[PDB]
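This is the structure I want to talk about, given as structure tokens.
As you look at this complex, bear in mind that one protein chain is not there, while each of the others sits in place.
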Amino acid sequence: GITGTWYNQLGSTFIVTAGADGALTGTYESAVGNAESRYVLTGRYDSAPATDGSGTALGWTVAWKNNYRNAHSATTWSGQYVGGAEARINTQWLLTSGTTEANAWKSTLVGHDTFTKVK
Amino acid sequence: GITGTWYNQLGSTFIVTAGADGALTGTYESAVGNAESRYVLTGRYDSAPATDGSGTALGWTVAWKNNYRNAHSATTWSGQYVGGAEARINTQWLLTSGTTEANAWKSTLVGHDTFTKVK
Amino acid sequence: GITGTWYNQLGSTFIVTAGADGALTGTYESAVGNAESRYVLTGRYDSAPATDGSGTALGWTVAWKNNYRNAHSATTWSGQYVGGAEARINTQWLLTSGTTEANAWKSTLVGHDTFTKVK
Partner (left out) sequence: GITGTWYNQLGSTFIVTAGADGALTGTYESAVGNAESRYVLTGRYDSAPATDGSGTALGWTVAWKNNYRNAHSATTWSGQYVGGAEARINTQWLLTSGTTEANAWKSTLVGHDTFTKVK
């Protein structure tokens, strides 16, 4: 029930398939930034989703490289799937770009994203 | 040259193999926290490493679930491999645990790690 | 126009007064967590608010200590006041608790908050 075609508040598309062991595959099309295509993602999530009423912890990784453009950067999301009547995924994310060792302090960006299934 | 057996400042072990397309596989044994084994990791990195003199951006994901213990949590690293005479990987990371919707604010932890190849 | 009585999505109250030089004073009552009173905050913001159409960058600090309860912790917000028809303040924040040197990795928590003036 974690697989599907999620959107978020910036408008970017996140097509995902969960795995039997805990794998996470799919593509990710950022609607904003230095990117124009679907990009490859990979990540993991636990499969024992703590049935007391909590959300399923998950995380994944995208590196901004394909046939069209490269930004030499990588972004990781970590969040929790809150699954109920409103299927929601709240994530918080990092973005690291490849900089020179002088510009090491300003490499990382942080932010948040709210993923909804049927927009 | 990104593959290998890295340690860090907490003492945890990170066995990694890079990929021809940009995949990243291997295991991760946290020496601290609610974990006792090697755990499965998966992530990505770009393969056009920007030969002006910058580091290679990379990121990966571990979900704390195996045959021994489960913490219902997932952690993601994003950083850059600085490769020279001293092979170094500086990463900054998030840790998300599966909480109830009341305790949504205190789910995520942030921190930093400094990975060295030959300790 | 930054001064006033803001609420947020968790329900916590943030009473603030800006300064002529750039100071920021007021109180902060967290509606959730290990706190029960108004707490003291202090922070800063720039006063040249970049009239091209951007938001005003700001930040502040609260330490969870008063006559009622102490948590030995400190939280800092950094965000930007987007001021228009809908007066909004989006912030992203850190929370650090005083831990032993063994438990240094799990001290910091990260999160986000969305402040609205008239709720």
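All chains are identified by letter, namely A, B and C, in their written order; residue positions are counted from 1 within each chain.
Here is the rule we go by: a contact is a pair of C-beta atoms (placed from the backbone, for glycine too) under 8 Å apart; a residue touches a chain by one contact, two chains touch by 3 or more.
Checked against the full complex, the one of C:15, C:57 or C:87 touching the unshown chain is C:57. Check C:6, C:14 or C:45 against the missing chain and you find that the one touching it is C:45.
For the chain left out of this panel, the touching residue among C:2, C:16, C:35 or C:95 is C:95.
Although one chain is not drawn, the whole complex shows that of B:26, B:55 or B:111 it is B:111 that touches it. Residue positions on chain B in contact with the hidden chain: 92, 110-112, in rising order. Where chain C meets the omitted chain, the residues involved are 21-24, 40-50, 52-65, 70, 72-80, 82, 90, 92-101, 104, 107-108. Touch with the hidden chain on the side of chain A covers residues 10, 32-33, 94-95, 102, 105-106, 108-111.
Convention: only the chains that are shown with their structure count from here on.
Computed centre separation for the pair chain A/chain B is 16 angstrom, with centres defined by C-alpha atoms. Centre-to-centre, using mean CA coordinates, chain B is 31 Å away from chain C. Chain centres here are Cα averages; for chain A and chain C they lie 27 Å apart.
Across the assembly, chain A contributes 92 as residues in contact with two or more other chains.
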